[PDB]
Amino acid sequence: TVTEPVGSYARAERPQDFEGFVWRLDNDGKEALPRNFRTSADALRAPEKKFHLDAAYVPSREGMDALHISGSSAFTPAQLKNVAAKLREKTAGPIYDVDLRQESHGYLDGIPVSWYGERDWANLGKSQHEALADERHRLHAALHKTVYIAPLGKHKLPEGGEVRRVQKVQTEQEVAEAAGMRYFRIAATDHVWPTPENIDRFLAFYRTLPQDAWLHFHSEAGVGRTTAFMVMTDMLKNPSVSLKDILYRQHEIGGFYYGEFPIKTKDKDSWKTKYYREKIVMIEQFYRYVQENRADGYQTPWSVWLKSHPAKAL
């Protein structure tokens, strides 16, 4: 009897130990665009040394022109508008803001903030219903109230920032719509592989999208969670493309590399190590799901299939 199967390790952590304690500044708004902005129309560039990949390797671009996806970090409303404008030049289809953040976040006086708990796990273990409920309550509770908004220091603790009496509160959905983008939330926990719940939701959503739909994925940094879903979308829309080509091309356009590599972390970040290994295994497990379920149109949901074909630990 296994308590937590591969892909659900995070379920063993205690939520009560990472509760939110401060409104974190998600972006200073000094740049015109969010950080790590990238699209599937972008040219591939040299891989990052840390991933020890083959720089001479030329990944196939098959299906990238019609992939129509992009990724980025969190953003201010103005930055989102700039993103929408840039994407509108590439498509005449609906542009979706796919919010992959489980952590409660929103905008106070137009400032992008999030209720930060240690490890960014303020909503760990909560269902999407509970997470959004927490988010809605906190945002509203901030109106006409004094709050402290601050960026984090090297040890993930408040550093400087500012104090203000909020006069306007907005959800990301509001910001997205005001930017001319449709909105879709997937409460994925930061630093770990998306839950079976997260993926089932995405998969159902993905199946009903128009042919010309453009997906702009984003999380906090625009790296871990953002790349995982960009990778999954790439595999789903281009099942004939090898796992290697998918992983390489998603990384070389500016994303994270989800294949094996010499994982290295500072002592204070040693806790992230097993979660990185788990994601590597689950990336391969999803690829297997796509290859073995595409033929019948994915009649079997990911969560169901996963239980029938559990991934092997690392």
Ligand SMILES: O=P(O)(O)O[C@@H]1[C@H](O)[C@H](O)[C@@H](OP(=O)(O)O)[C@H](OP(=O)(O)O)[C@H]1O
Given for the second form:
Protein chains: 2
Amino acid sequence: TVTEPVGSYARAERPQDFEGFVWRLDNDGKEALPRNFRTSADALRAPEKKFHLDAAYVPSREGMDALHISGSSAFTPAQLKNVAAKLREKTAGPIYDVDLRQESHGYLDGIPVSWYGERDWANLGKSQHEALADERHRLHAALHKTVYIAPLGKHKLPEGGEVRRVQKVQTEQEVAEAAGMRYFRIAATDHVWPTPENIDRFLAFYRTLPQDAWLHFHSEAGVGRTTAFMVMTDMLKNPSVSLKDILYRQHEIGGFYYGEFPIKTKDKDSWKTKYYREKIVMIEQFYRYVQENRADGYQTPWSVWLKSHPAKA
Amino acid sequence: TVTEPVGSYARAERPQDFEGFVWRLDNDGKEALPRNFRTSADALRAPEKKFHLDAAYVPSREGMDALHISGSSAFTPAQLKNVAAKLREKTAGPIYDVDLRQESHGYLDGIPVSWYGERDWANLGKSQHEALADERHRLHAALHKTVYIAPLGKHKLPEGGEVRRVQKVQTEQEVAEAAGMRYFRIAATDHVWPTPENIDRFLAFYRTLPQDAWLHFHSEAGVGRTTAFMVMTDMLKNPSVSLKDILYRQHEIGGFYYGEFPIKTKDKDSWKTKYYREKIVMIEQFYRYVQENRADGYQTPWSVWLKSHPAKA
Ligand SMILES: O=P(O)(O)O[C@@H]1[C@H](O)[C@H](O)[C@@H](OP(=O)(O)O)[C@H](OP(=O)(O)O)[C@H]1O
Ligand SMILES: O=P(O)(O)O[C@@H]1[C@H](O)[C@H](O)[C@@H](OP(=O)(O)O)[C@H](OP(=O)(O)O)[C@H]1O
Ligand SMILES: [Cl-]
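And the form deposited with this ligand bound, for comparison with the form deposited without this ligand?
Up next: the whole complex, starting with the chain shown before.
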């Protein structure tokens, strides 16, 4: 009777309506660091107004000093070494660049770009294998070819930018390993809740980690996907902390807020409304997964548990 | 000794530096007519101040009534039908759409676009054969594909525009024949003086026209290349008219002035300067070709004559 369960709404959208049409500039490389850079060691600041939170609530910091995670937006290669260098002061563990982007991206002549389709959905519906093969094929195709690279402006369309003939092409994995970071890819679709596949892959990965591993999450802006995986990591590693505290603290170090709040979008942005609501419900559902399955050591994965414990809108 | 004779400066430029990167919007289709629409039967207007001409000068109209030519910018299909209907009111002869554009262009869902490279030079150096081959391959490749079409804005780079999955592809040949016009293509490079190859093709074409043929020339903006062939036609068919009159009258009906004038360029447009100067010289040289070959019936092709009678800087 149910075509798309809650948590899988994006499956109803049609990928053929969002195919990539331009190399989008992911970071202009002007600053020393990527945007929205934050670490779990950072001091808590006031909530953003739009979330209508209790400014005076002080969330527990239980486990934060030990969390060892960070988040950021996309970066140039120089910016990533600066990140790696900053993080290397805080740990002697391996540092992972955890790349949460389903969209095909890489570096053309050291410039960080992505193949941008409407809503950033150019790889919508593809398996991780298919997404990455596309990415590799496209990047290789750009070498010694003329390309147009532009930032998005008015109404999410190209505005200015530049044209060049590319002399070097790199994957983010190459750039990460050049900055001394290990690399882990989770192909998560922009704007929406990560898929069961996304999270099963993340959970098995998390399970292989040495104790002193530091996880640096990033996506395009370092907001939606980055925060979702920061929050999930926090819940997994610190299961005795309350839902509310996890969400308050991940927001107040510079993340998105993943609890209820009054959503009011502009008209041309109202397609986002139900995707926000979906993420809120799924955040609660993941919390529940952790509480019920951590005891036995996660004998049953998220994808399976969720099919027998469907979320409700 | 001499690497590139006058008339062939553009041959020294390197094609690989101007390769196409975007589907440019050739006309937004808001007006009923293309821009710079004019006919050889129009009233003369005041010259443009930037050319510092004698506004009191009354050029001879000898032969203009019989000249039967027109010019305009690029157009949508509906705009072309409007052009064809207006011209049909002036003549009962065959009406020609003379397409002077070297750049690859056509129509996607009826939208006039072109494959734009910097300086509009994406087909620089190609034979007319190779250029049309590029055009056919690109137009066809766009069918059922997602494309980005954009007007150029600041600094000749894409600004805004639209994204669509293309359901229909046509050549300008198709669009012209659909509007009741005969089609003739001369692949002339934007900004520069037409090659001897271009001019030879046009002269052989001119020599096969019925007496009542009406030539509608057009290029991207209907200024540079369009005026050059309107002027050439005026000289071939009205050989007894003075260089000065021709140039004055072709400007005063709405064309470019192809005589000497104080060139005032911007900085980012100083690359233009020598190409303007080249054209003024080659215009005079063509006139000389007309005068010296009007008598033996144009036995001698422009390209061979020009090689023995090279023009000087
Ligand atoms: O790429 P990430 O790190 O997942 O972050 C998202 C990304 O920057 C999107 O482009 C953005 O959409 P908009 O440009 O439409 O804001 C979205 O904001 P929103 O969904 O909160 O608007 C972010 O959450
Ligand atoms: O396509 P056509 O009819 O040959 O007309 C030319 C075309 O519009 C060029 O883009 C334009 O250069 P700009 O974009 O630099 O103006 C040039 O003007 P200019 O060479 O007089 O500047 C025109 O002559
Ligand atoms: Cl199971």
